[PDB]
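K.L.:
Residue strings, one per chain:
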Amino acid sequence: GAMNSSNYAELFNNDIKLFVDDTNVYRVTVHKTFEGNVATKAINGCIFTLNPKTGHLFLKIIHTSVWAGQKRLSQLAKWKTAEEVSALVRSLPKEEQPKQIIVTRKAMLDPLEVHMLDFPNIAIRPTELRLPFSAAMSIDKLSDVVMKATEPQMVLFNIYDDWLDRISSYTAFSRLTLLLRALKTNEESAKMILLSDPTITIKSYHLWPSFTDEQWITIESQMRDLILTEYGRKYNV
Amino acid sequence: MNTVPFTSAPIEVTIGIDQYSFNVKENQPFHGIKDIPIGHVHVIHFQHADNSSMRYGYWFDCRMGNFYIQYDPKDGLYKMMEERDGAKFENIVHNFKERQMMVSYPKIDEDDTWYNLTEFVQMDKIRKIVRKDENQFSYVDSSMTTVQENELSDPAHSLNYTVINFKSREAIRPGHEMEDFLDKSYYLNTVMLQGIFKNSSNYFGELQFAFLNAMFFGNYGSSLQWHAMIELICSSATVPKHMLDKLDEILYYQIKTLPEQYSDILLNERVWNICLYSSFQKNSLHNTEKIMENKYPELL
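If you're matching them up, the sequences are chains A and B in order.
Numbered as in the entry's author numbering, the first sequence ends at 2069 without a single skipped number.
All letters in the second sequence, in the order written, are residues 1 to 152, 170 to 317 by the entry's author numbering.
Bear in mind the hints are in silico, worked out from the structure with no lab data behind them.
Just so you know, not all the hints are guaranteed correct.
[Claimed, not checked] Mimicking SDA-like on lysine to any residue, the simulated pairs with C-alpha atoms at most 25 Å apart in a straight line are:
1) A:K1938 - B:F183
2) B:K273 - B:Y237
3) A:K1938 - B:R186
4) B:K184 - A:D2029
[What the hints assert, rightly or not] Some chain A residues well away from chain B (every beta-carbon gap over 12 Å; in silico):
5) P1984
6) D1993
7) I1999
8) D2057
Where a beta carbon is used, it is the ideal one built from N, C-alpha and C, also for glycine.
Using the sequences plus the hints, can you model the full thing?
P.N.:
The structure is reproduced here in structure tokens:
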């Protein structure tokens, strides 16, 4: 059934599972036409498929060409997401295929279920968690690879960099969702926090700076503060 | 004009024949139902005065034999049986008419209701959904489950309706996932009409039989099947025009005949609001839409 704060630790057991987030699959700018009507222009998107235990990210880049001459694009995006997740599963060796896929938006269940009919022993699950995975395009290197793409492309990342050498998946995942939640509520400040210090760099094979343990603690506190402030502002509490 | 005599009425029971029914008191001298119209299937059904649970009954066709009811006090129910002795049966029936112990099937001549509810229902198809081939008639009750219900336990006592499932390989061609799931025409016309039912009339007959089992026995799995067969048509962008117009007639008489008080469990809110307002065929069920609106606007 649905994932929530109760069955939260299940994410970190040894059953292979993937999160699928479709929020950035169909991305548009909106503009005015010469005649003064509104039109959309599509930009490149991505399916965010993440193993929360290992950090392996399967970043399936969605090139604007896939929308060419298509109608009901937001509906189609869900079906193209499920097509691509299904093809990813089929591409994995059997012992690597997930036992569960957790979709971050309920509207993906039926498309994914229908695309996964060949995989009846893979459970498709919704979630009640409000996961910040839409903010994945606030990670500079993921945005860069999506926006430069000239064709459909799968790019593989570890979204935890080398954190698992030092911390558990559980702690890694909470760090990731904390960072992403801050980038989602106030990207400008969140990104300032991460880079204020020119001496902490991002390795070429990483997404995030090479913070020491002590620096991560100060960071994580700086992100919580940011999240809490933005909340009082949003609601006037 | 055919007859179904009863050996006796030992227990207080409400007897139904088709859409009619009568109260019969314990050891009241009731000995059958006469003037049953030939040419249609029929169902005779029962609800004991003591056990408002378990409605049950028998689907039959008088052309297929001479049938009577007898109470079995060991099994505790009214049983349909066949008399093979053709003479011995006209004797029982004539003597009971002579003593005038039989009710007349009470058809208004202007009234086509039963024909309209049973247009496509054939006894041969009923006997394949209720497999019990030693008998020419078919028993159904409140609690019988369907083959689909079971996959998710006793098979001798199941309703073998055609399994319909919108999220299944049968329903969905590989490569047409999205298309076939949003537009079920493939599944309706090739898989179900041409493949399984062979023609539209066997499909309507199963649809109509499922409705009547839901209506007369409150059989919850029949209701599921009735709604699924509706939804499949309404969710198909491409339906023969003759099927659409007939469907509208079929549903109209079903909705007309439903007891007003039961429109809460027999009518599935989502299926109907989808079929009448969202589906491809939203505009193809004018008569069914008009009666739903005027009689159950709450559900919508």
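K.L.:
Below or equal to 25 Å on CA atoms is what counts here, so check B:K273 against B:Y237.
P.N.:
With Cα atoms ~20 Å apart, B:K273 and B:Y237 stay inside 25 Å; holds.
K.L.:
Checking one constraint from the list: CA of A:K1938 to CA of B:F183, max 25 Å. Satisfied?
P.N.:
holds (18 Å)
K.L.:
Is the Cβ of A:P1984 farther than 12 Å from every Cβ of chain B?
P.N.:
holds (18 Å)
K.L.:
Do the alpha carbons of A:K1938 and B:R186 lie within 25 Å of each other, as the hint requires?
P.N.:
OK: A:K1938 and B:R186 at ~22 Å, within 25 Å.
K.L.:
Does A:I1999 really sit off the interface, with its C-beta more than 12 Å from all C-beta atoms of chain B?
P.N.:
It holds; A:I1999 is separated from chain B by about 40 Å at its closest Cβ, greater than 12 Å.
K.L.:
Could you let me know if the closest chain B CB is still more than 12 Å away from the CB of A:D1993?
P.N.:
holds (36 Å)
K.L.:
Compare the distance between the alpha carbons of B:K184 and A:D2029 with 25 Å, and conclude whether the hinted pair is satisfied.
P.N.:
violated (53 Å)
K.L.:
A:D2057: least C-beta distance to chain B exceeds 12 Å?
P.N.:
The claim stands: A:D2057 keeps its Cβ more than 12 Å from every Cβ of chain B (closest is about 45 Å).
The structure shown violates just one earlier hint, number 4.
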